[PDB]
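Every protein chain of the complex appears in place save one, which is left out.
In this document, chain identifiers A and B correspond to the written order of the chains, with residue numbering beginning at 1 in each.
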Amino acid sequence: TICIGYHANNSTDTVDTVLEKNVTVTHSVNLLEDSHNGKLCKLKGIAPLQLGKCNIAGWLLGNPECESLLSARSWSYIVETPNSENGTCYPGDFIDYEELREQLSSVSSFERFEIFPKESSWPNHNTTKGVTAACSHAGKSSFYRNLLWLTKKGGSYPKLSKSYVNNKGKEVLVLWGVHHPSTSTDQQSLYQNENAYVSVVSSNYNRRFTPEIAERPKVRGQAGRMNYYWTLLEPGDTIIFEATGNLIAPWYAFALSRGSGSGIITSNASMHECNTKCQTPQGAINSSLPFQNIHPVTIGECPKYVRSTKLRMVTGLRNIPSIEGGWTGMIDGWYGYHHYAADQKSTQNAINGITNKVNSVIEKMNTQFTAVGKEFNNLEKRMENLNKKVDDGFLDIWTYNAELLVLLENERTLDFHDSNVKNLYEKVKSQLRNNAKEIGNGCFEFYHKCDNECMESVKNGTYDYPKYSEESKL
Amino acid sequence: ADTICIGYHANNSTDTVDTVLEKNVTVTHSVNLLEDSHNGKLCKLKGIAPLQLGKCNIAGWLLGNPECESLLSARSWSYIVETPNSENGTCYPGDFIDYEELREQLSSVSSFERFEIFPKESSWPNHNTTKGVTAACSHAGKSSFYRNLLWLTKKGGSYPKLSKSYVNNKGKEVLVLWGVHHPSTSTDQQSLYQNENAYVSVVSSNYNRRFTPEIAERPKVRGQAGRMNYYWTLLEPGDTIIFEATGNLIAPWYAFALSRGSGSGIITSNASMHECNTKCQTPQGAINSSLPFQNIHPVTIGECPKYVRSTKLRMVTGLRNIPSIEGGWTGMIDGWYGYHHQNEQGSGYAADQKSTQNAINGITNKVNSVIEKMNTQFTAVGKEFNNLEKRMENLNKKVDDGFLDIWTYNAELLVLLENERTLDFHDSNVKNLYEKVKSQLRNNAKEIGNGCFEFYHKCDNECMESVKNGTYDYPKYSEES
Partner (left out) sequence: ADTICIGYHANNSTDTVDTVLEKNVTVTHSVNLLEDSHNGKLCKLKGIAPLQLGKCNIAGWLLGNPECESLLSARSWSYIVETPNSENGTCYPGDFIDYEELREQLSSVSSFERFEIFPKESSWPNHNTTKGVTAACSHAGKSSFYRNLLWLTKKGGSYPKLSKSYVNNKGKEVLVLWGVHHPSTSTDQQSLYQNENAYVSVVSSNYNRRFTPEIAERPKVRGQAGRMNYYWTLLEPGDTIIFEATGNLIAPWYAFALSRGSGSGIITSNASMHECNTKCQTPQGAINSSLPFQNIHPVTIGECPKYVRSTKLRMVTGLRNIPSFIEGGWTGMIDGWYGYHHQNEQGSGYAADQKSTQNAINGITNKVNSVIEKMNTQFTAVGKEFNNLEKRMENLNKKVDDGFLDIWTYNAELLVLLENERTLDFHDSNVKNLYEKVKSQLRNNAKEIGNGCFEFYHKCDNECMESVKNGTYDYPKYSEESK
């Protein structure tokens, strides 16, 4: 008696197909990664910059609460906390603030330098008195660390003309502000000139600012407003500041060195001494799987984000522990014989085919690189909605593609196993023409006596029908 | 002698399906996944009637155009409908700053409360409130003005400095609308407002802007050489907005307290409102369908099937309908797979329930799996762009066209692959059923090869049922030769 059957084990893995659901299988692999360390890790051995209680504006402007960020020179990515309220301590509007955040997301490191020294640049203006109650630090009134508030000296504010040439060989980010007093008396008290103008002109940048005086609601106990501006100075370019008052002079500037793969994320996780190639706001991921469902925002080489709850693809056979049954005892291979040993050559071909199938799926799913969210102002809702449609639309398609391929391959994988096991049984039948009775349950009843060597010959494929045709019986 | 045949079901069905290998394959059973029927009427969504602007534009509705007075008493709606002939808006010529952006904000507004932010008689005692009428905005034959705006002009030959503040006590976002008038001539400026160099200042906690009137020769639009620029802002709860002006200010007479919702939008439809309720509304009509796809209109409000460009989406649920195994049995109505009976005691066309029931479950899961994968299309809102936003307009068009091309491709391709697989699935089942009979009838019966079996022995009803039930004892009929 020789039988043909398939493998069975103690495996509770369940898969889904198009025709049937929750099919228990002997072997399977999970294509969805759902585990993360929950910590902010170092990227490329470079620590990320944690803003803490500060936003992007407060960090670059030099907010007094953000002085710990001043001594930072290099980072892999920028982390902002959900309660990042310290920016622009003096009320006002940051022009092109969202655009500046986009520019910094491509900045890997900058060098902070004193573009205009406070004591040397302005001898005819008062560099002191430039402190406000809104920007109070340690109980005392203070001001931005990168900006200087210039006021009248000796009751006179002479015309100011300051120029700077970019000798750093890099893009230079220059920040300045224009102050809008609440009353005409406050204008004369601070700048002596009632009608004043501010001019900032470079080779590629030209803008003039006229202070506006009006009754305004108090924000942080300040009726006045400061409008903050920025520009990028190309190497060799000259920027000229011409003002008769209300100018917030640039005390410090940044020489930018551009990189790739950086971004700005909002995370509630804590930084720990770990290194990863994939970082999410919820935690870092160390996985070679094609898909993940942790967070859509990624930094570095990461699996593609999908909304799928489960993505399990079949790599083995159906687990029927009860050919109408899988032999749990046959642990050597997927296909084999009873009276129980396993046919390695047929199993090895199936293993190679399944391994190539799994590798093809991973090949199709490319690694997702840094994808960071964008910020929009109150008059940019249409772009915000258009950006949201793009993100949701691509996520909608990829979730559909991932789930559909798994179901199709699960049905294809199971049919691959059934066809191979039938061919092995039929191969034996072609070897055994009337020498064995066809029981029909996957077993053969030999009319002759088959020793251990006799059985091995059939498995090897070199079975001689004439040799055991003499013992014709019944 | 006695004969048992094996075949499949056939009926009268003209449904045609397409596969990768062949087209227009007639099948016994099929299901349509594409919805192409709509009522052609504007229906209520969630039992809430939509706001139909009629002959009015969005600007005229919020600004209070005299022709838009029927829309003033509106507080709640499910969605906003705009007519192709909705020309009544900024009746006084001018520019509506961020008009398209304001339209986007209203698409996320489910209901607003209209209140008099500044009472006309109480707020401004030092200015003339009765002279604010223009020929362009004419109502009932007489010159009129916007119902939500107040035109302040010179009173008694004097325009004192104006300072008006409002505190948002409504606990919601407050939409404030105002205008700045730009006269045609300096004489017209002095005649309407005492001060020649005049300014308007509108300042809030998050908003600060100053407007300077410009005087120049302009072509007449609606018989008016002057221009009025309309502005808007959202006042956060508890915030204060201050209006400071020395002239040329169109004061905010009425404001709106906004309540945000989800699923709303602005659509352009020529359909008429009727007393009906629906879960899916399109500019062409409402849809009551559980199908995954529709080809009626891409613009949707509520839970809707996904829009595709497909003309037909038919998925196979049955077998091939080829009459005259060289053909299907039209007489066998009981099931998809079955046998024939020729025992001379009673002939019969019968069906194998166990094989058919297993096939039905597999096909039902296939259709349900496809529908589950295709998510319900939610509210899809069109966007408007000004003449200096063509790049944004074209980028939006690529997104809409690009996604539509892929999903139409996905819908058509998936149907074709499963249609070929379903037909191949049936051929495998009938072959397995044929081998099952052959296995039990290992030697007793002859195999003609045409799907029938020629019995060398006699097979009674008990014998026939035994083969069909699977409990056939070949020894019991093996001696008979």
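Simple rule for what comes next: a residue touches a chain if its C-beta (ideal position, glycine included) is under 8 Å from a C-beta of that chain, and two chains touch if they have at least 3 such contacts.
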item: Hidden-chain contact residue, picked from the options A:195, A:309 or A:430; value: A:430
item: Which of B:390, B:442 or B:476 contacts the chain that the document leaves out; value: B:390
item: Hidden-chain contact residue, picked from the options A:356, A:452 or A:462; value: A:356
item: Full-complex contact with the absent chain, from A:70, A:133 or A:240; value: A:240
item: Missing-partner contacts on chain A, residue numbers; value: 96, 98-99, 102-103, 161, 163, 199, 201-204, 206, 208, 232, 237-238, 240, 242, 353, 356-357, 360, 364, 366, 374, 383, 386-387, 390, 394, 397-398, 401, 405, 408-409, 412, 416, 430, 433
item: Chain B, residues in touch with the chain not shown (by the definition above); value: 20-23, 95, 214, 216-219, 221, 227, 387-392, 394-395, 398-399, 402, 405-406, 409, 412-413, 416-417, 449
